[PDB]
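Okay, here we've got a single chain as structure tokens, the form deposited without this ligand, with questions on binding and movement later.
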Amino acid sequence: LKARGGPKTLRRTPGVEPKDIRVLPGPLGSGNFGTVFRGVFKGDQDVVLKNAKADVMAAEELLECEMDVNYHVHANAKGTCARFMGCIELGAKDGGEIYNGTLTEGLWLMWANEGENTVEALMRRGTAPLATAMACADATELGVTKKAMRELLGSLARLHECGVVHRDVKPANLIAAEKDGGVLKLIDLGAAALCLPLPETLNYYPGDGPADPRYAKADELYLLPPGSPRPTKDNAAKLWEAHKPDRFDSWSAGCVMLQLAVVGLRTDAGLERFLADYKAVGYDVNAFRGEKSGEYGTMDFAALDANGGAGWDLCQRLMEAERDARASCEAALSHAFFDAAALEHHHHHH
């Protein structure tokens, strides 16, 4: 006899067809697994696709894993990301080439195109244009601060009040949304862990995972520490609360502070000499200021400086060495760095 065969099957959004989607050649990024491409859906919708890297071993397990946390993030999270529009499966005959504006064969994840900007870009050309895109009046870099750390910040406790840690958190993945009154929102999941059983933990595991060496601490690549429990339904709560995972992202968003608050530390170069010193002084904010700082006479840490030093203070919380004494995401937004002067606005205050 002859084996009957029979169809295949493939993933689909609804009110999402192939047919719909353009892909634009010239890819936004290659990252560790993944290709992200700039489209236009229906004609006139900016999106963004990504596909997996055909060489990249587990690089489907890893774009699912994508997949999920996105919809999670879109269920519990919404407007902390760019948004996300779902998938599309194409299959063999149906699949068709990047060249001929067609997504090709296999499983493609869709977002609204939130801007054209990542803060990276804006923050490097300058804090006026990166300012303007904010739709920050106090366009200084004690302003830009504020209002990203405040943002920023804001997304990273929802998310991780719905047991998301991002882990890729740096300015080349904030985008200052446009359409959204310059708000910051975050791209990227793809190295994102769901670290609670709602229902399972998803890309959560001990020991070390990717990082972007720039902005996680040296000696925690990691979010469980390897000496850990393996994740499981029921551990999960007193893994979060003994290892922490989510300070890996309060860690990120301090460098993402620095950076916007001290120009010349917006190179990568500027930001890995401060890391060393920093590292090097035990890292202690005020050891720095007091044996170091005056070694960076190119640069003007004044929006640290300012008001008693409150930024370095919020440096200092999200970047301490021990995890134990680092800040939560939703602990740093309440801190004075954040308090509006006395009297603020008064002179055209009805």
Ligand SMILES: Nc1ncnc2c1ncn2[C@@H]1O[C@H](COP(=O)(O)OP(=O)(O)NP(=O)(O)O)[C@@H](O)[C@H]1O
The other form holds:
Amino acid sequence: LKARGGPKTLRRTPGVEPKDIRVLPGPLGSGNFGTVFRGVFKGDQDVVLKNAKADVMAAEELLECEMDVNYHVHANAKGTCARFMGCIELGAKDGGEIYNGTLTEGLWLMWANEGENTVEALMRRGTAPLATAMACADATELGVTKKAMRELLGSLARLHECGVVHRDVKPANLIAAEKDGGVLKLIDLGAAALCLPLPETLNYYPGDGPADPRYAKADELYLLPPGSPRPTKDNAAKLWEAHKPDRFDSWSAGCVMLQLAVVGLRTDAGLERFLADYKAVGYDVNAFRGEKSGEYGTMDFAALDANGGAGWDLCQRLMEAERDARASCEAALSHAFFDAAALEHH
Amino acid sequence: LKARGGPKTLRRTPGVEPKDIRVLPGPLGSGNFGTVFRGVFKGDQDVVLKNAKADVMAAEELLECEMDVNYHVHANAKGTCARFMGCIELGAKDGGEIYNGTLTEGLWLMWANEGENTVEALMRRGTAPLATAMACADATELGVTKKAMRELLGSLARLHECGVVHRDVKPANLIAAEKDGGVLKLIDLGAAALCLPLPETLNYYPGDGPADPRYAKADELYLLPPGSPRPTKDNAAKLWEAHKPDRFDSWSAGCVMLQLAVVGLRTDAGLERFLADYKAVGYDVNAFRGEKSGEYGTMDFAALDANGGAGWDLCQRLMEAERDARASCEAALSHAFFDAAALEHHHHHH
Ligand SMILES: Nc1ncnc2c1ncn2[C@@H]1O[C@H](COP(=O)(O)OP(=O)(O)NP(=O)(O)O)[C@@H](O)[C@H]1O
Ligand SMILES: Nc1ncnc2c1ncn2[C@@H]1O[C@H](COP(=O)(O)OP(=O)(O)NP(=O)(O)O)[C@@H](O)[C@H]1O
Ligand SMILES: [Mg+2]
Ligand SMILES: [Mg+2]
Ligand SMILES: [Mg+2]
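For comparison with the form deposited without this ligand, would you give the structure of this protein in the form deposited with this ligand bound?
Every chain and every other molecule in the complex is listed next, the one we just looked at coming first.
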């Protein structure tokens, strides 16, 4: 007597069939657990596709969580991130080959291709191509920083409002979306947490988690401190207020601001140098300006100095050593840095 | 008063200067914590170059450990792995651009390019191309399995002998080295542990470390089990005997053998299907043959069946459910699977 076989259950999005998708060879990148490819959907829609790495422990489960968070964001924070177009799951015999333009076995996620750039790529080419991609009329460090940060903080505020902490905020995960007026959109919710029970928290736990060492505060690589109780539907709100996991994104946003504002900080080594000095002076911006900035003769901090040092003050708020002192992204959005020019004389 | 500052310090290998290295754009591969590129050294030496991923926590520390282990292996187990040519560290102003063909800021490792094809790539094209690249005269599944497993198990035995567990054994990390008669060499010591105090253990810790879930036993994703005194210079030798972390490599080598031996098992899907059934029948090879083999009518187990089922038995030894029952790579080497047949080659022998 043999065990019977049975159907395979596959996840699918209404309107999206495997036949509809052509994948383009050559990954745009590989992250911790997955690989991203360019694709064409229904003949003329430019999309991007992500699958799980076969060689990485738990990769499918990590992608499943990214999928869940993407659905949450699609429902609650439209426009903050790349437009989510759903999923497609394929079986063994029904899978093809990447180098032949067909989706291979396993779960795939799909988004609109929001643009061929990232802010990291653009800023490293220069403030000018960055401002052009952003449709930013004030093509200066100050101009791009004001526009970019208003957009990033606005989006982070909306994410946090619906319980999502992105946890991988950085220029490489921002695209200037030319089809939507150049507005910045976040990508990559692969490390994101849902910190409210809707119906349950996702990817949210005590202790250290995935982080980009350049953009996460070195002694604060957690959303919940290692001693914290595990989150439950009953304690989530208390934990949100107590441990302020959203302040993880605040620090990262401060790092983004530093790089947009100061050309010399756009390289990894540049920002790394600044942060080491910043830590050395006790996470005190005024201390850095007084004791350290003289050492940065090759750089220009004009965007941060402008208007009573408003840029520096906003960085200080986003980058306080203590979470309890660090500004929320929502609060930061109301900072003087973002004030409209008075008496413009049009 | 003003702080004086001072010079930068960069790590370098005698005889290897960044001006002599041209990097070719286009990552050969993206691993967990690093990126590999082809390069040309001194205008005519084909090399491979690896740096850390900027976006991965402690990728820096992992590349340093990979460096340390490569030095250990170069000193103690020459020929087992891709030839290690040392490191090159570049600073900020002297750092270049991959698109301009120059090494970027940070630490780089360099190895000889041992060949353009991995065993994974070859075996998937066919036993024929694989046998050719291996200089394997017996161009059958049995032939290539015998030659390849002899080489692999030999190298693993040597690595274990100097305290190194590779921890990422699979066809993708084997290259048939054209410039050394086609012999297999391991690549990628990025997950490797040095498990003895020589003078200090490296990348050796209790609990689940990194692992390719295809080539690691699903419930044995560790070298040392969460339950065991952290590795120290004093207990190292004891843990080795108690927890047998090298048996991690034994299981992986059994997986390689299965794939070399059975064409149908060369796809992820194929090997996955087998290991699931194998697991289902209690990690019992004979049970598999008895209860399941009939369901594999599309596959041909001849290489494992040959000579009283020697191949199947070696697979059983390498792939015992319990580490205490699982063969070491050294023990696996003397198995009957590797015996010359009676009067083998008699027709041309002098
Ligand atoms: N919606 C999108 N539109 C355009 N490009 C995208 C989109 N999503 C991702 N990309 C690009 O694909 C690559 C990786 O995307 P991401 O979602 O960050 O996954 P990843 O695993 O982190 N890959 P990588 O950035 O190379 O480490 C980057 O080049 C992104 O710019
Ligand atoms: N010494 C070598 N000679 C030739 N090819 C090599 C060598 N080392 C690595 N490669 C190739 O580079 C790619 C990755 O190398 P590896 O050392 O495994 O680092 P990795 O970060 O794990 N990249 P990958 O294994 O592809 O995910 C593989 O395609 C190998 O074929
Ligand atoms: Mg990313
Ligand atoms: Mg770096
Ligand atoms: Mg590898």
